[PDB]
Amino acid sequence: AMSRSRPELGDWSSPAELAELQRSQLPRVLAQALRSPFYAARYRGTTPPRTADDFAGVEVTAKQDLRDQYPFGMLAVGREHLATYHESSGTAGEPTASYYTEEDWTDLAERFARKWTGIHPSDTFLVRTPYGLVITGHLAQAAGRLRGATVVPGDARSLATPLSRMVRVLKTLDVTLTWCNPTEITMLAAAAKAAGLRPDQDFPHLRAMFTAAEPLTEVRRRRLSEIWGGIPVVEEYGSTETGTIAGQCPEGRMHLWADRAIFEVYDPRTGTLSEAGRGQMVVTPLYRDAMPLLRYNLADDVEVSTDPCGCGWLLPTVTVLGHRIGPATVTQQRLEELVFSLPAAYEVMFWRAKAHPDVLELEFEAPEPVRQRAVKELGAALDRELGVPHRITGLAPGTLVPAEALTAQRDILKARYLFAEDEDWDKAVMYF
Amino acid sequence: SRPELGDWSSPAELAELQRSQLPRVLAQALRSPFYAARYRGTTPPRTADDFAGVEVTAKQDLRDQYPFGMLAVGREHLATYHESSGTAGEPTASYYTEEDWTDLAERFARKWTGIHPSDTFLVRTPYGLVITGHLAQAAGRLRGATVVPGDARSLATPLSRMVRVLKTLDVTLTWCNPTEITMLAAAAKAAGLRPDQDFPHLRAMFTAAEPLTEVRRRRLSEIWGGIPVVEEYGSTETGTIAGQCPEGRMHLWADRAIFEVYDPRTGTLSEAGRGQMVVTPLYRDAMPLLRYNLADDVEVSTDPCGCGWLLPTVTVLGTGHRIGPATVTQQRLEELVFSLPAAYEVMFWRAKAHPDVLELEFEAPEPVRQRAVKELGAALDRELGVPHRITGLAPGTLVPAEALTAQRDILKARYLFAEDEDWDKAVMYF
Ligand SMILES: Nc1ncnc2c1ncn2[C@@H]1O[C@H](COP(=O)(O)O)[C@@H](O)[C@H]1O
Ligand SMILES: O=C(O)c1ccccc1O
Ligand SMILES: O=C(O)c1ccccc1O
Ligand SMILES: O=C(O)c1ccccc1O
Ligand SMILES: O=C(O)c1ccccc1O
Ligand SMILES: [Mg+2]
Ligand SMILES: [Mg+2]
Ligand SMILES: [Zn+2]
Ligand SMILES: [Zn+2]
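Chains BBB and AAA are the protein sequences, given in the same order.
With the deposited numbering as the guide, the letters of the first sequence map in order to residues 0 to 321, 327 to 436.
With the deposited numbering as the guide, the letters of the second sequence map in order to residues 4 to 321, 325 to 436.
There's no promise every hint is true.
Quick list of the computed label-pair ranges, beta carbon to beta carbon [claimed, not checked]:
1) BBB:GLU408 x AAA:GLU58: 52 to 60 Å
2) AAA:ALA55 x BBB:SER4: 15 to 23 Å
3) AAA:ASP199 x BBB:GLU93: 26 to 34 Å
4) AAA:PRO120 x BBB:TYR69: 21 to 29 Å
5) BBB:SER13 x AAA:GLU7: 33 to 41 Å
6) BBB:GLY117 x AAA:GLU217: 26 to 34 Å
Some chain AAA residues near chain BBB, calculated using beta-carbon distances under 8 Å [as the list claims (entries may be wrong)]:
7) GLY9
8) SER12
9) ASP52
10) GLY92
11) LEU339
12) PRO361
These are computed hints drawn from the structure, not numbers from a lab.
Beta carbons are placed, not taken as given, at the ideal position from N, Cα and C, and that holds for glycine.
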């Protein structure tokens, strides 16, 4: 590496060489970790870990530790070196703070930019995740700028950017790439149809859709691809606290970015850490100064395999998993496979289910002509695959996902205090 | 590379710094479909002298050329794409190269209070398509300040959460519109924090996007413990084109753009006086603008300022209503509302011009309400002489308690729920 310090795919040719690329960083990482109040307090009366060998003995860092240290208990650098500050999704009541130096950001941007489809100057990249405190909009934008793509900041959950306006942007700007959660991929598809555009034909420049943030079955991922004309739906896995830790290969598996972090699986029964198997995703990022994390337990239920993939990347794969009803165990993943196995022509995208002690209640939207078939087929799928008692109800479109979410436009107004006689002064101080 | 405050020592040297860029700027402008079509079949302007004759560019031209009619570079050289606030029905597209962004970031970073690594900077403006959030964030990154991306109009970041962030992160700088400054002050009290005492690290508040009287600006400062409220002037299409000096005048960033005043009656352009703000940015390659008429009503003065910056000053107006004998502007009413004593806590108000009467409502606590109505009535009598119907309202009437106190979990879509959970958050989870 003449110019770059941080590793790339191909700097190692064996699992043995990957482990050495990792362990060589641990002295710096362990020295940096001890600079934070949290780790200096953890190792108070003892000898701190310093060497790659000492790492074996290092205690897990829990989500609750990150919350107890709010806001800067995990901080290992002077505040003058921070570039951005972030907070996690979930509960507003117990915030999880994350923060990054400029150089931390180069590692974050590189990991997001590991998109098998590429990101190029030729791309127009719609970033359709929130920019409010969470990292996700900032992360995609930073990766877009790193690779020279035109970034369209769509934001998400903003009154400035309803779906109708995103559909017009996708079409008229010839957008080539999107970043949004998998539910937003279906929201955009429904908004396109309500504008009289066919997601499968009317966006010929759209070449890939980047997604994360929800457990996503291959059956649902394939349907989302088919809705949008058979283009790749490129999954990644991360968190505000870690950045992107795994990205899809051309074969459709997520591979751990183990050159940039030590990945371990925590068995909460035994409290053992292992390089692979089923249990809780544990991460030690190797290229971060501001907020060192030693064996941070994301508490996501994962399966990590060192088994080779068809792609040939020399990295482990990860599946992210994320209610029992009499004899059967019913998961969202299993129901999602059954819902998204209904024929595409039935247009079933929006659904929800509740586990009662004795019965699974499930609702979905479908057009009237196909609704009774969709109810019957999905019932028979549940009988055949799970054998749970069910109450399935088909609903009119606009019942779960209202028409106004899909078609309403909103002016981006500023506060006004003086109105003409014929104006609505309801928009005076509450103008959003 | 690009000029800094102090690189010119006279108005004559400033004009030379400008005119020297015009050949490049005029050549770049002609690369766009719009300007190539405008000067089709004629000889195009090429020299600093030719600039005098150049036709104004209207906001309607930017709308008519949606999306990339104003584009002077290959799309491969674009860094970001933006759209303006106002009507959703007629989008105004703008776009910038990486080098365009350095000029934008430098102009925003011209804050007389500075932006430093020692700063923690809450950006509380939208990131959704408009430039505003992205502009403040790029300036914070340029100057090394810790950027806290608050966003605005996002379900992710309600006022209650911004107030907790202001306090617990020791935020030193904010960027938000002047109404948001009062919204945050009301939200702070609802969270049990006194804006005038409980934010000791807050040192300055940056604001723009509303016509702002000195009387209102001073009150916003007093609400937040007497710290500077630093106004700038800009637009979603240009970024910051003027910034406040320590004397409280906004100075035009004329080293980065030629500023002219348009008389719409005659279509005469002038270096100073009354009329419509016209801007020709000098360091803007993706989307060249020749004499872009912002259509803001402004007064430009070349008079020297005590601050010692050798740049013209600008006052920004906004067009008001006849009510019997008198003409009432928002700015005039705002001066009267914000001349009520601070202890009355009149911040939220609205008014309607009828042909015969000014209807005005504001929130004030019950003990002060009748005095506030009487004093404000006498101010209107004394200053405007318009008939008025003034009503005092309970706090929570114009700005509801919910907007100030509601917390909102940042949920993701969920499809399987337990019996006792709210499944209304399944697909509509915002
Ligand atoms: N591709 C994915 N599949 C499943 N869950 C995901 C995926 N990406 C992100 N997540 C979830 O989202 C979390 C990130 O949370 P946050 O930092 O609050 O945005 C992860 O810890 C997972 O629980
Ligand atoms: O909410 C989202 O849209 C989202 C998308 C990707 C990653 C994290 C997120 O919160
Ligand atoms: O869920 C997230 O916040 C997230 C953040 C970074 C990258 C991928 C992700 O899903
Ligand atoms: O909407 C805002 O809060 C705002 C603030 C500053 C400048 C432009 C803006 O729209
Ligand atoms: O919209 C504004 O009034 C504004 C002001 C300064 C900078 C960016 C902006 O959009
Ligand atoms: Mg580019
Ligand atoms: Mg810094
Ligand atoms: Zn693979
Ligand atoms: Zn001055």
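Checked hints:
1. Between BBB:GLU408 and AAA:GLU58 the C-beta distance comes to about 42 Å, which lies outside the given range of 52 to 60 Å.
2. The given range of 15 to 23 Å is broken by AAA:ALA55 and BBB:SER4, whose C-beta atoms sit roughly 54 Å from each other.
3. Separated by about 29 Å at the C-beta atoms, AAA:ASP199 and BBB:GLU93 satisfy the suggested range of 26 to 34 Å.
4. Taking 21 to 29 Å as the suggested C-beta distance range, the pair AAA:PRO120 and BBB:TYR69 conforms, at roughly 23 Å.
5. Checked against the hint of 33 to 41 Å, the pair BBB:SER13 and AAA:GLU7 fails, with Cβ atoms roughly 54 Å apart.
6. Evaluation of the 26 to 34 Å hint for BBB:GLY117 and AAA:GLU217 yields a failure: the beta carbon distance comes to about 53 Å.
7. Nearest Cβ of chain BBB to the Cβ of AAA:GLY9: about 26 Å, over the 8 Å cut. The hint is violated.
8. Hint status for AAA:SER12: violated, given a least beta-carbon distance of 34 Å to chain BBB, over 8 Å.
9. For AAA:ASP52, the interface hint is violated, since its Cβ never comes within 8 Å of a Cβ in chain BBB; the closest pair sits about 36 Å apart.
10. At about 7 Å, the closest approach between the beta carbon of AAA:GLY92 and any beta carbon in chain BBB falls short of 8 Å, and the interface hint on this residue holds.
11. Because the closest C-beta pair between AAA:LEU339 and chain BBB is about 6 Å apart, less than 8 Å, the hint holds.
12. With a cut of 8 Å, the hint placing AAA:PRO361 at the interface with chain BBB holds, because the nearest CB-to-CB distance is about 7 Å.
The structure does not agree with the numbered hints 1, 2, 5, 6, 7, 8, 9 stated previously, though it agrees with the rest.
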